Structures are given as C-alpha cells and as structure tokens.
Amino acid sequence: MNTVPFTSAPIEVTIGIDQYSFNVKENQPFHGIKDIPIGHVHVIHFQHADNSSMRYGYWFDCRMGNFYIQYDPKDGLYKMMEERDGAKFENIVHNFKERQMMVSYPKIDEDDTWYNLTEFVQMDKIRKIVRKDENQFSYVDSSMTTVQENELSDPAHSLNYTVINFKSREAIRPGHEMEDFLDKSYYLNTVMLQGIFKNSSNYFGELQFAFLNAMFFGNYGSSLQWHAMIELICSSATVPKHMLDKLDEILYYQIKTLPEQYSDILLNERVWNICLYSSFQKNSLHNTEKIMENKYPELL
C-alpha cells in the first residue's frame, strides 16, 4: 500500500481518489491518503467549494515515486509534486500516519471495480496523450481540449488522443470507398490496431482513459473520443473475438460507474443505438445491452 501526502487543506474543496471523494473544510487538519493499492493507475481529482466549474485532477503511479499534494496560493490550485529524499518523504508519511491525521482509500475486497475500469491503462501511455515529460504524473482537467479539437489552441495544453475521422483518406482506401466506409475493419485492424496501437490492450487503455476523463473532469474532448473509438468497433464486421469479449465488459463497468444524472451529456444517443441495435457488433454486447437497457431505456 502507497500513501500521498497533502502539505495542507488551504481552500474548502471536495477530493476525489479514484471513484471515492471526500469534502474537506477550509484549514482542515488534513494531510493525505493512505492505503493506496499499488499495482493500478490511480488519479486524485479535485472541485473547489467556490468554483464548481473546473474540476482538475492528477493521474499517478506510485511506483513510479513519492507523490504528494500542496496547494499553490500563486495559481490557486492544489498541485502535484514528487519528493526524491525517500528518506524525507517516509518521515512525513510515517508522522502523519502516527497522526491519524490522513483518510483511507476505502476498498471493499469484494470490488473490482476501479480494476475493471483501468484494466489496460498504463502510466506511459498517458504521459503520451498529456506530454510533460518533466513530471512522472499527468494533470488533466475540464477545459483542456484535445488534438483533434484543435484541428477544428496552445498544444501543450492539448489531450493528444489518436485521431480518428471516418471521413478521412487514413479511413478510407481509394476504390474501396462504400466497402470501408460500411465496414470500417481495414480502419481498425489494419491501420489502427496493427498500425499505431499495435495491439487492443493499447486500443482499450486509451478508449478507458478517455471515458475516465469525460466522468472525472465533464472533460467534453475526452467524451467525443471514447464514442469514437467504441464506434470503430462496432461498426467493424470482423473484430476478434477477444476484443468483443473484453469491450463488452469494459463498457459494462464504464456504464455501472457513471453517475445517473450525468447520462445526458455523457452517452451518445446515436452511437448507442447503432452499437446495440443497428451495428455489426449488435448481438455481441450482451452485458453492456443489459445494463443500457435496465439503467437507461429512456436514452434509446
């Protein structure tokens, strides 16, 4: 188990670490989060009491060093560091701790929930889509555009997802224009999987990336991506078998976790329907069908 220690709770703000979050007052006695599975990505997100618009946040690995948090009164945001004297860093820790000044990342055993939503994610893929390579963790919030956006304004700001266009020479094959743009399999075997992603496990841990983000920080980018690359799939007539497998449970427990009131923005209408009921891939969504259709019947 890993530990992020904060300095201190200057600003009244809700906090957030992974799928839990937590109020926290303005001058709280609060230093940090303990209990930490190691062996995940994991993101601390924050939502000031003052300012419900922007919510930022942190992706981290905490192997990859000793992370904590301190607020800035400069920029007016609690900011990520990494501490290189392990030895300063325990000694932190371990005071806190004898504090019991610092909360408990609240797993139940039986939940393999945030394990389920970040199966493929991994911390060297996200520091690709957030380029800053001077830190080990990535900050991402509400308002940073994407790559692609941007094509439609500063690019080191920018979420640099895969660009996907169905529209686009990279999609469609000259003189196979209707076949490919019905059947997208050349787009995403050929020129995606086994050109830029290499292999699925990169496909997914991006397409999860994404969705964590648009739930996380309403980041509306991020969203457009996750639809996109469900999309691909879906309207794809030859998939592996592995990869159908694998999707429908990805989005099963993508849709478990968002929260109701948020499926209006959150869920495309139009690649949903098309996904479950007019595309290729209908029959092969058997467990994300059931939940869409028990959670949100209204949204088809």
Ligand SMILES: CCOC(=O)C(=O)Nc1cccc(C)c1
Second form
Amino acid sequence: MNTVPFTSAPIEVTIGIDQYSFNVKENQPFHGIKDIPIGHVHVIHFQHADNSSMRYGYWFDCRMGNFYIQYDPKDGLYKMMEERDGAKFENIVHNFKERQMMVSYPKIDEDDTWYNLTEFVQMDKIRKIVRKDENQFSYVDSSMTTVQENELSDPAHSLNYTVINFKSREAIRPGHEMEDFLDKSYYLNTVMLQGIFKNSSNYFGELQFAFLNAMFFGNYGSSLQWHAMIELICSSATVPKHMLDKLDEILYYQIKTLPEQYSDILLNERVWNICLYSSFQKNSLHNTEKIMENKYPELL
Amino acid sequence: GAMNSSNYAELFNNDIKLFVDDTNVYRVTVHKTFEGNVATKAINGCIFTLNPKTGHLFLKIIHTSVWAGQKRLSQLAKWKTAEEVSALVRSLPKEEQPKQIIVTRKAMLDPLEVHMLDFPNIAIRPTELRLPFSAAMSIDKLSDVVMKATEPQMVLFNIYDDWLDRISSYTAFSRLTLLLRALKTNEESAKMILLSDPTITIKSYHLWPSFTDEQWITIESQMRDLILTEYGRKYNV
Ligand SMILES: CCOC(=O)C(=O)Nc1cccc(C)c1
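What's the form deposited with the named molecule bound like, now that we've got the form deposited without the named molecule?
What follows is the whole complex; the chain from before opens it.
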C-alpha cells in the first residue's frame, strides 16, 4: 500500500480519491491519504468549498514514483509533485502516519468496484491522451476541451481522445456509403481497432477513462467521447463476442457507480435508447439493460 | 440551414443550386396474390433534380431492374438517389457544380451528406417549402420517357420551356409550382385547363402549351380557382 502526503490543507476542499470523497476544513491538520491499493491507476480530485468552479485532479500510479500534494497560493490550487529523494519521502510519510494525520483509502474487501471501472486503464495510455511529458501523473479538469471539440482553444491543455465522427471520410469508404453508414463495422474493426487502437483493450481503456473524467470532473467532452465509443460498438453488426460481453460488464459497473442525482447530465437519452432498443447490439447487453431499466427507467 | 419563405429570393440568385425530389424514385402498384396475400410490383421511377434559376431538369430514370433482388427498397431508394445526385455533380464541370443542394424531404439529408463528403463546400439543406414536385409525372412528356425506358437513362429538359425569354426565374418558378400544385390536386381538371383549347399547342421541343402572356394570366387564374375549388370540396367550405 502506497501514500500521497499533503504539505497541508490551507483551503477548505472536498477531496476525491477514486470513487470516494471527504471534506477537509480550512487549515485542518490533514496530511494525506494512505493505504492506496497498489496495482491500479488512481485519481485524486478536488472541488474547492469556496468556489465549486473547476473540479480538477490528477491521475497517477504509485508504482511510477513518490507523489505528494502541495497547495500553491499563487495559482490557487492543490498541485501534485514528485519527490525524487525516496528516503526523505519515507521519513515524512512515517511521521504523518505515526501522528495519524492521514485518511485511509476505505476499500472493502468484497469490493471490486474500482478494478471494474479501471480494468483496461493504464497510466501510459492516459499520458498520451493528456500531454505533459515532464510529469509521471496527469492533470485533468472540468473545462478541458477535446481535440474534436477544438476542431468544431489551447492545444497544449486538451484531451487527445481518438476522434470518432460517423459522417467523415474516415468512417465511410467510397462506394460503400449506405453500407458503412448503416453498419459501422468497417469503422469499428478496420479503422479503429486494427488501425488506431490495435486491440480492444486499448479501446476499452480510453472508453473507461472518458467515463471517469466525465463523472469525476463533469468534463463534457469526455462524456461525448464515452457515448461515441459505446454507440460505435452498438451500431456495428459485426463485433467479436468477447468484446460485447466485456462491454456489457464495463457499462454495468459504470451505470452502477454513477450518482443517481447526476444521471440527467451524464447520460444521453438518444444514445442509450438507440443502443439498448434499436441497434444491432440491442440484445447483447443484458446486464446493462437490466440495471438501466431498474435504476433509470425515466431515461428510457 | 433550412430554406423557407424568408430567404425565398435566394433561389434566384447567382449561386448554382439544385432541388432534389425523391418522391417518384421508388414507385409500386399494390395488388392481391392468387393466395389472397398482397404483393407489390415496382414501376419505373425518376429522380427530379431541378435548377430553379435556369429551369434545367436532370431527370434520372430509375428502371425497375435496379430493385431486383434488393431488400428494404424504400431505404435503398434514398441512398440510390444520393448516389445518382453525387454522380451527376461529379459529371459536371467544376464551374457548373452546385453550391447548394436542397432536398424536398428531410430523410434525404443523411444519404446525400454521406455521398457528398468529398464535396465539403456543397451545402446540403432541407426546405420548409411544400413543393409539388411529386406531380412531375403528371407532365405527359416526362411520364412518357419514364415509362418507356428499358434501362437506366438520364434525360435533360428545360421545365420552363422558353418562359425565361419573357419572365424572371422568380415568376417562372411560381408558375411551375402553381401548375404542379394544380396537377397534384386535380390532375384531370388541370390537364383540361391546359389543353382544352385546340388552337394552342405544345411545341415538339416543349413540355407546356404555347400560351401568350395574356393567356398565361387566364390559365394561372383558372389553376388558382381549381386549387380553391378542391379546397372547398375537401373541407366542405
Ligand atoms: C519545495 C520543496 O519541497 C519539497 O520537496 C516537499 O515539499 N517535499 C515533500 C515530500 C513528501 C511530503 C511532503 C509534504 C513534502
């Protein structure tokens, strides 16, 4: 188990760690989060009490370095930093652990939720979507736009998700206009999977990352990407069976985790109704259809 | 975006544009089978592609062989229409290519947009005008060429005959739409109006009779009376 130490908490803030969250008061003796499960990516996120504008946070993996949070009073935010001196880092974490100045990551033993949401998410792929090569962790926030959003404005601060556009020359072979528009299989299997992602694991990783950025930061472009990647599979007549079964599992856990009170802003009625009830795969997502119909029947 | 009554003079500006109407592409007769089921038999159809400024009509005849062995024909018909319009655009010299294609039915938007992806600067637009172009097959010479076709064929017409020698394209389009609306509302009565007088004939190279300016006023008034008469009959007014 690894640890993320806080120099201090000078401003009142709601802190998220993966799917959990807690409040820290202004100048409360808080010095970080311990017992973070090794083996998964994680996200530590922030929403300031005095300014709910800009949710922001950092994706990280404690296997890639020793990371700590320090508040910057000039830029007005909690910043993730890497500590190169490992003995220094261990000494500071030990002091704060001994003084019980840290919250414990509260994973229940039965609970595979975080694994289920991040199964295909790897830090190396996050760092290609979020470009800041000098850090081993990746900053995301509420307002960051995607490359596709910037085509339809700072390119350095963008989310480089894979552009999906059903009415584009990439998606439609000349001479196969009706075929390719009504059946997205070419675009899914040849262009996206064989061509860009190389395999379904990378495709699902990006889909999972987009969902998590949508949910944790309210990032609109990420929500668009998640829905597009779902709709691309559902609108394809020819999808490997293992992919459909895995997609059903991925979506089931995403819908299970989504806060009920955010369903109006996180779920696109058109896309979900199309995917569950009209698409080629309308009968292939049994677990997702069942949870959607029982949790969010209004949307449908 | 969409095209309506506010931007109606836009139809007659100097930006090349085409209307596309797909209502006569896929045409069937419905009949009982020997076992008492129902079957369709396709008949030849056509794509109506019209330049409203010049009157040039690119009538692509859709021969029934194009449906042989195909499924979901009403869907296919939209994509076939888009394919043929795209092929027409590609066949035209660059300076004759339209800047806008206006589809009479919104279901044509996606098929045409997809077929025209190679032409990002050609706007594909719907219209809020209810245009009576389905009645094209009430024009005897157009119906004749469509029904006699034994293979796919493109035939070029000027749907305004020589009217632009005497009137503007705004007025010509207004006359055309009045005539087609009348033919759509009561075809027999409209044809009686147009042909009742034997001394006025249709030139071999024309679609409509050779009315003088004053006779066209009379004809136009009779067509408006027909439309209003049929409205009263329909709604008991
Ligand atoms: C300005 C230089 O500052 C640091 O290097 C630093 O703060 N390191 C650190 C390491 C572990 C925990 C904490 C709380 C701080």
